[PDB]
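As you look at this complex, bear in mind that one protein chain is not there, while each of the others sits in place.
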Amino acid sequence: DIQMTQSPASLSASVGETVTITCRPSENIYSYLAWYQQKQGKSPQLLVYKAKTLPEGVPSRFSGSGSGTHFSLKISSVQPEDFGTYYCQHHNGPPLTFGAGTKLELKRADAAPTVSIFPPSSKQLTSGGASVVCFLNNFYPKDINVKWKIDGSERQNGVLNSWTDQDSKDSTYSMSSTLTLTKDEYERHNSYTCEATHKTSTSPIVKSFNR
Amino acid sequence: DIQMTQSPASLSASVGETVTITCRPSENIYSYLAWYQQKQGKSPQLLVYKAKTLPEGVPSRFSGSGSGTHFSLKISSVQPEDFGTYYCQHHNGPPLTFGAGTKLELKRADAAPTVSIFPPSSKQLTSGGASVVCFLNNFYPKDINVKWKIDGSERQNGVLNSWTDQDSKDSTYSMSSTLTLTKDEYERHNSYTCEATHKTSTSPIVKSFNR
Amino acid sequence: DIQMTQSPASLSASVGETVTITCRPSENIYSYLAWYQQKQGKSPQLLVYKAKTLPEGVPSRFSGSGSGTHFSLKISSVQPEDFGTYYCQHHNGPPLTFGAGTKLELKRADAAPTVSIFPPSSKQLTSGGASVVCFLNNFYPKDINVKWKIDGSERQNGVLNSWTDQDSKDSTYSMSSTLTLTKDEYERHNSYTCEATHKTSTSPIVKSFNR
Amino acid sequence: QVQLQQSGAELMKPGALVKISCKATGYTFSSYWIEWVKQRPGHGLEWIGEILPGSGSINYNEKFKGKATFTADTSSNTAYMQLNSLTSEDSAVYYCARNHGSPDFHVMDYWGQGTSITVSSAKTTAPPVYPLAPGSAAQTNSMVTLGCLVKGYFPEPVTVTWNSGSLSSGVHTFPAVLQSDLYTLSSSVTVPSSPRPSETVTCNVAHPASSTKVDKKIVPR
Amino acid sequence: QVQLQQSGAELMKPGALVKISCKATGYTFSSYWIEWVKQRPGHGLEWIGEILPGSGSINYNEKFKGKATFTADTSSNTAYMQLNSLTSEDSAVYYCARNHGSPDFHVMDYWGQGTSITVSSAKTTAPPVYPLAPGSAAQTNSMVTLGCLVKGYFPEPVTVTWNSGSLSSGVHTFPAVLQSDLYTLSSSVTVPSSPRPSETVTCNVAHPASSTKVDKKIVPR
Amino acid sequence: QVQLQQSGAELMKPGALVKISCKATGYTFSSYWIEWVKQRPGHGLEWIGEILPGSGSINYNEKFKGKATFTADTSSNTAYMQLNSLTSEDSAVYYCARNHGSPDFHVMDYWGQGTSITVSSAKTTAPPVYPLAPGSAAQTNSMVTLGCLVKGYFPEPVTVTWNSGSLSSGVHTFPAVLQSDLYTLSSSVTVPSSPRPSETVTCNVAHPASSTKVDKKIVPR
Amino acid sequence: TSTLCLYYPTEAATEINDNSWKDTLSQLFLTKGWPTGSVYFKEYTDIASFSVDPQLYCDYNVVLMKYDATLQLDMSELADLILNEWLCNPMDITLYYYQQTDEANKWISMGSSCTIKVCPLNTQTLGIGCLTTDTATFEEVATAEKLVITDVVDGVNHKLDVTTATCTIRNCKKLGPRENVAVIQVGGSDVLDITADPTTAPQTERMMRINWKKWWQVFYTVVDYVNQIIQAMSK
Amino acid sequence: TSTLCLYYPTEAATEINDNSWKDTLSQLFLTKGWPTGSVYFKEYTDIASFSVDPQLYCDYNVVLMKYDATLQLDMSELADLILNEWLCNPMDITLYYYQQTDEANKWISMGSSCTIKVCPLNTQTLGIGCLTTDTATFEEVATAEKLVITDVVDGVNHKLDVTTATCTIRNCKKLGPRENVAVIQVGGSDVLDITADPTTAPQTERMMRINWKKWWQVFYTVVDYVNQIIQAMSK
Partner (left out) sequence: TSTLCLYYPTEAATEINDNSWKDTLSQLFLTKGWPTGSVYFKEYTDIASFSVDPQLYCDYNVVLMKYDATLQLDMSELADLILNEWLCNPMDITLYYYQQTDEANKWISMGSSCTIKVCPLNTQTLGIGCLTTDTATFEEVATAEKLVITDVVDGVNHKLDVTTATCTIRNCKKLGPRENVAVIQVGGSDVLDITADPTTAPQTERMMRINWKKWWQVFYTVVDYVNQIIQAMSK
């Protein structure tokens, strides 16, 4: 089974800069490698075949190269239209295998998360169970982590998280943790803290509330 | 024209017994005779061809035999599913002719008709003509006859009859005579008797009414 | 371009009479001439081909003749069913050209136009402009002319006319002039005469009105 | 898994012509002959003829030559029979069976469900229902009997029910019988002298044709 | 029993393109040429061209080459003509006739019914109807005349009737006439001086386009 | 101007089987192979197989042999893929791309839009919406934040809007996330402490499935 | 001195649409060497009938036949009729029974809808697998054709049941080949089996294939190769 | 003394619809000169299979084959099987690989749906353009046929991948021609290429064309020309 090895899994740069994704097959794909680009919520689009040849429409700052076990793509004067996922596939006969993918992100000045903690609704507590929400809006370095401490003690079995993709406006993401538990379990405890570790904050930026 | 002669026109037996219908053609059907079975309110179903051969599904207590001018069918361990009409047809070239048919009935202990006479409706007499009904329910030996006597004198020109097929429950039939006449003709007479001759009753079982 | 020359442009006769339309081509149509008859509000109908031959249905009082540069049609015992337009076309190869057409009218005793003048409507004068109508009903010789005199002075720039085809009943036509102008232009004038010249009237039959 | 499905039932006016149809499923339609059998209530089974769709071979029972005319559409997989100049005696059930292969000739192995034709110059009509109440005669010990009489209607069918399905067992309802172009039918019911008249047994008659739904309770006296 | 049926009438906006159609019935469609004739009110008959469906042969009158383009669908049995870049002067009646066989060439024996095209950049409109009442002038002895004036509407047609068919005979109604993109028309009626004004003669006008039904009684004075 | 259009999205119950379809436009359908790629959220792109409509050649990735089965209708110009015995992990996006010609083998140049399949033995459900009001905590200087929580519904999707489009900019709405067969989602909004509570910011949630339209105003305290 | 007669179908001429096509081609025929009045143009309107009694007018006859699948006629059957010399007599299916005599006695029937059922008679006038009384036992050998050349076991009498209403059946003897004719077929790769005999297939020079494009083209070719075509007849 | 065996398909007899057709034709056969028990009538129900192992019973065999486009079988492939003498052995696609030896060793497979993919082996049991391990790299040479005569480069081993569920593939050697048989085809102008070799096309006398109209007619002709047909076999 030929294994395609795409690196880096994630890349980050601003317009004008010159990036270089790189595919490395397990066996020898002679020069039968392709490169497709997929944009947020759409389909892939052939971008380069037989290692270095480009289809017709495709711009020319896109440069394919290599042969054998080492191949590379080289978007040059990166413009706002070249941001999304990039895959690589060999086309040397079945079974075809694709790369893992490289996600090209729009670089930008760091940003600290403006987290807001939210206690259950009277509506919800009338149902039979409580749920604590916590929003960590607009932060830059994609990576962020959250600890749920239910009265000093860290919890994690009732949590459910969701992220947002880089915004078109500012280029900042956004998260949303949601700790759920019994109404009873909620009431035999007092302090609910939502803790978050980021690159911007030297120490965990926290927000909390006591019943 | 080859004439098929099926006998008996009607047969009567209970489950387990062994019956034998018999077809007799006018000419020589070599061995090109078939047997179809038709059940109450449905279509015929091939049951035997070329005299003795049976199609696939068909049971095996069904036995065809004969050749030339004499042929016979022989349902053996008659089960409740073998009751209905049976036809025979030659298949020795056009024009094809069928038998008359044999009706296999479910035998059972005799039963006397419980007849009920019914005089006209006020509703009907308001229309302009009277009609006398008479029901002879649940009797066994299929055969039954009815006389309509309008003041001792037998009538028959205004009568209309309808029968019922052997019941699934008890195996008894049922009849329904309907003597119709002018309102005037109805009123210039007094006694209306509905007479019925059956095998059970030693003498005509009658029912009647006087205005 | 072969030019067909049909004459007369209009013909007028009563039933029984014998008319003769005549087509004259610019070049030499050997004998490849046809004659179609078109009736009021319908389609044409082949009536004669190759100069003298008639299709099947077509009557026989219809007689085609001629060759070369002179051709003629000759409806003989004209019956009420032979009244309408008649065209001629050569069929000697493309481009095909048709005649101008001959209109056969139903003759009849002369008739004088019963003209009626009509001043604007209060309804209309409330809009912002006045319009004077004038009907010249049931006159025979097709030809009729109308002068619009707005206070003795002849006008013609605001007029719009419409005619009626020979009536099925009496054989008389009918006209309808409609002089339109500003409400103001209408009010700074006093006498509106609708004048009409015909063959029946020795002098212009007029009708008029003063505000 | 062979099967022939015939068209629905129809009722022509005397003199007209009808179109029955048989649609084949489960075999190569062009490779087997299609049979046509007529079945009247008291005449057993009459052979009409046969047709070979595709090749087009046809065979007519001498007795139907003028009346029946067969056709077949291969693209459709349906064989048609057409009865010309209908007579009151053409009313009957018509079948279409598949004539087996070369092996055994003329043995019909698969039968259609049966199409039904009724010729009658009759016109739609409402069925005046009359309540059949026992004669004022002396009380009958055990069981008493009531009746309903749906008379003179057109055309079939009609639905009679005692107490809208309530009283079902112990009832007898007879086959409509054509009397002078109109169908007439009766229904009897037997219940202990206990229920009646201390109940309200009713006749529920429904004529889907003239859309006449009527109910009449058997009022004693 | 040959016959060509052309599509319904249409009215395009100047600059657009239309599709007329002719459907053949009663002959082998592929074996005869289809003719196209244009007929304007005061121009007699103009030949446009012809087409041979199947083989595909085509012939254009030099004068229409750019304007008309023929096609034919054999499976459909219809020939089409398409007028490109419509002009106010393309408005007319278009026919399609069958060009006879080898015998006599170019003699059209069967004509379509005629399709009708009207090019006008006009827009739908309501026809203000005005009552035409005689001038207050002295009483006319025998017959008097009333009129109705449906003015400035789009598009054709309209229905004027005096007293909803009541008063029919003795009436004259004139052909709509386009005045500056709007059609205008009048109708006259003549009844003895007896009925009017001692009656109520009304103008019944109906515009199926802007769906305007209006009635106006000719009020004297 | 080539283009493949895949069927609409569907959601089967675990154990059932589905039919995706790809319709070709802009090339000779019989002359090019059709590819099938599977795309799950965290697995990149998986090749499933390919098919050559017309000739009928087929190739299966060893890993899907039992699951996928391709077909193609030439008259229709559509290729079909059928997933047998659906598992909760068959849920993903499926594409169909055209395998280029002889020149360069296996380079897919035109991709379908993508069909979407979701296997879940879940049943329709209403999304109880809860208003997220800030903790009674001391007044925050500049901006304050409100939230809406649509919880436990089936199936996708739903429409949340603050003040029916009124308040749009400055809002964050997160991707539904399946928690135990039910999708759950939240939305945050940030406005100066000036507007709230001196306003009426409301959560407009609409579930086109169980047709539940509900509005809830974030009531402080 | 010699004459050339061209036979074509109506459709052929109709597609040409000129009043002078016969004339234009004639001047073109002078090129190939045939004097101003040396060629004649005959129009067959119904091929089936023409094929039977084709009154050949000129010295050399070249007949144009265009494969038309929308008429359901067999090209082979039509060739067999034109290319050969047949001699038919009328048959009265009603009063008489018939039998074919040799490999050259065939029954050629043609019309609207020809449906022929047959019943072989033993030496007693009795059916063999049939009842000379009920045609439902006959053997169907043609179901609604437009042209049919029926062949039965030689030397056996048969009661015939044709649908004479729409069909006409005549008893023909094929006496040989016609030298003054030629068949030029247009369209359909179709190879022609003009022998009743399944064993033989004869392909003659007087049986030529032109590829259809337009009728004007067909005639141009016929003219451009008149001598070649004539030489195949005189050869 | 001699025997004539007629092979026809079921449809043929079904269309005839008589219980005595075999008999009637037999009396008719006395005319052409064949004694009361001299002719036999064998019914093949499946042409494809019959073509492979046609147990020819009589001295002279004339087999009737009707072009049927609604079965997707090649007439040529079927002719190649009946007209010739084949000798097959069974193949185990599972455990063994195979190679054809001469211009006469072919692989004839047939059944419900025959789909054959092949993978040529070099002298090591290794693929050449394929991995003997994943059939997704094989070369497809038949996609769901009902009868297939596969031909591969002679003298090369191949791992085979047939869909044995619905297909059966057997290794056949064609040893020559069969003299006691004849093919009479009904319908389709179709010319038959019965050589695996693109270079040659052989047309023999024992390969005859009848024009279809009705089956009764076909048989009448076969009888009316028995000797002519027999003479083409004995010749």
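Which chain is which? They are A, B, C, D, E, F, G and H, in the order written, and residues in each are numbered from 1.
FYI, contacts are C-beta pairs under 8 Å (C-beta built on N, C-alpha and C of every residue); 3 or more make two chains touch, one makes a residue touch a chain.
Novice: Which residue from H:59, H:68 or H:140 sits in contact with the chain not drawn here?
Specialist: Answer from the full complex: H:140 touches the omitted chain.
Novice: Pick out which of A:93, A:99, A:113 or A:120 touches the chain that's been left out of the picture.
Specialist: Only one listed residue reaches the unshown chain, and that is A:93.
Novice: Using the document's definition of touch, tell me which of H:58, H:93 or H:156 contacts the absent chain.
Specialist: H:156
Novice: Which of G:112, G:166 or G:228 sits in contact with the chain that's absent?
Specialist: Of these options, the touching residue for the absent chain is G:228.
Novice: Mind pulling the chain F residues that touch the left-out chain?
Specialist: 28, 31-33, 50, 52, 55, 57, 59, 99, 101-102, 105-106
Novice: Which chain G residues touch the hidden chain?
Specialist: Where chain G meets the chain not shown: residues 16, 18, 20-21, 23-24, 27-28, 31-32, 184, 189, 191, 205, 208-211, 213-214, 216-217, 220-225, 228-229, 231-232.
Novice: Which chain E residues touch the hidden chain?
Specialist: That gives, for chain E, the contact residues 49, 55-62.
Please note the rule applied: only the chains that are shown with their structure count from here on.
Novice: Please pick, from E-G, D-H or D-G, the pair whose interface repeats that of F-H, with more than half of the contact pairs identical by residue number.
Specialist: Same contacts by residue number as F-H, out of E-G, D-H or D-G: D-G.
Novice: When the C-alpha atoms of chain A and chain D are each averaged to a single point, how far apart are the two points in Å?
Specialist: 73
Novice: Suppose each chain is reduced to the average of its Cα coordinates; what separation in Å results between chain E and chain F?
Specialist: That pair's centroid distance is 55 Å.
Novice: Need the CA-centroid distance for the pair chain B / chain H, whole Å please.
Specialist: Roughly 59 Å separates the two chain centres.
Novice: Chain E: which residues touch two or more other chains?
Specialist: Answer for chain E, listing residues that touch two or more other chains: 50, 59, 105-106.
Novice: Mark out which residues of chain C touch at least two other chains, giving numbers and ranges.
Specialist: 32, 91-93
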